[PDB]
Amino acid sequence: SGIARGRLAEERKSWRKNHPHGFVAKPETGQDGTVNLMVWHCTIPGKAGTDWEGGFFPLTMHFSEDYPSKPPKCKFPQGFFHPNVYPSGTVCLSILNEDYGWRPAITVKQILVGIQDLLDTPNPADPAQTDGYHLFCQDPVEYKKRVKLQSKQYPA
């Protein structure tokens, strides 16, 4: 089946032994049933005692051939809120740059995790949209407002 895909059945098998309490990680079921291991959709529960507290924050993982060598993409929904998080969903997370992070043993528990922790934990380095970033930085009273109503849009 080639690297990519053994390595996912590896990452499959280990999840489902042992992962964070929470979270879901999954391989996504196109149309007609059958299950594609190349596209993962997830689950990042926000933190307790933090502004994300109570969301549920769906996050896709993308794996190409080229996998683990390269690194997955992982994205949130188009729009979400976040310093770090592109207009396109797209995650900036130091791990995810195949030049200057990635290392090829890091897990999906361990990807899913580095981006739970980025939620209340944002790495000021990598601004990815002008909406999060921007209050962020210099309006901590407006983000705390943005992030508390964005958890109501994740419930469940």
Contents of the next structure:
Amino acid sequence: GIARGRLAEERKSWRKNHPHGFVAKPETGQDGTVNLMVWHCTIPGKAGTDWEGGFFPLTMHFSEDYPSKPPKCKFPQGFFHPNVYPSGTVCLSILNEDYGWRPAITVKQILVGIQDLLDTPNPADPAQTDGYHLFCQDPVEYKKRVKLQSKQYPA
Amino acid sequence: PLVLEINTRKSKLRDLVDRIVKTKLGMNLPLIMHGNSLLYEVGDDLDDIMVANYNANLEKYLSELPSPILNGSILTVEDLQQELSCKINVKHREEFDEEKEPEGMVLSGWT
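Just the form solved without the partner chain so far, so send over the form solved in complex with the partner chain.
Next comes the full complex, this chain leading.
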């Protein structure tokens, strides 16, 4: 019951106040169930960046051990970013159970942390060779890839 | 922990929301949960797919909700704005007195 109670709190908190352009909501199944353990989210790219105008889908998977353990956050498979695996998994220090996670971190803080990561990748956390290479050795090709991807995710 | 006696096969989610949650518990923006699943939410912030699904749930018998409410089910009810929060123990009952229990259900443990 600890996980459910905390997710119910996060649900209310999110609905009453969240940053503009973001979406975060429990998944509705084809059977009508609404699942507090799996949330579908949308992270806007920041204005004034190559991510601008993109609205990027992300799924947050909580466990019965939340909030002792962090959710798993996934962009779509093949999403282009140096810190995102091919599977879509996002690498973020605060999502790391071994070191950065603390139970008090909110869903809002996670999604803002991911939004920040989009235009400011972490050079120590390379997850995919494609993004990471272009980022490190060919910024012009990287920039073109990012802007093309933003166009794939309009509001 | 309140006790709700109710015919789970014949009463609809709507009956519980209107007669218990809104009327007796005084919750105007309720979130109703059964385990990890949300059975109902209300508000102008919900997207049209979620509202359409919640609208469909209102018209379902309790025992036929996507997460079925049966004898011994425990519901959790929270309100979006007010600090009110309740657990409700559901006890199935077949029949109710037509003039003493005219709402077709009985809430015990409530002030």
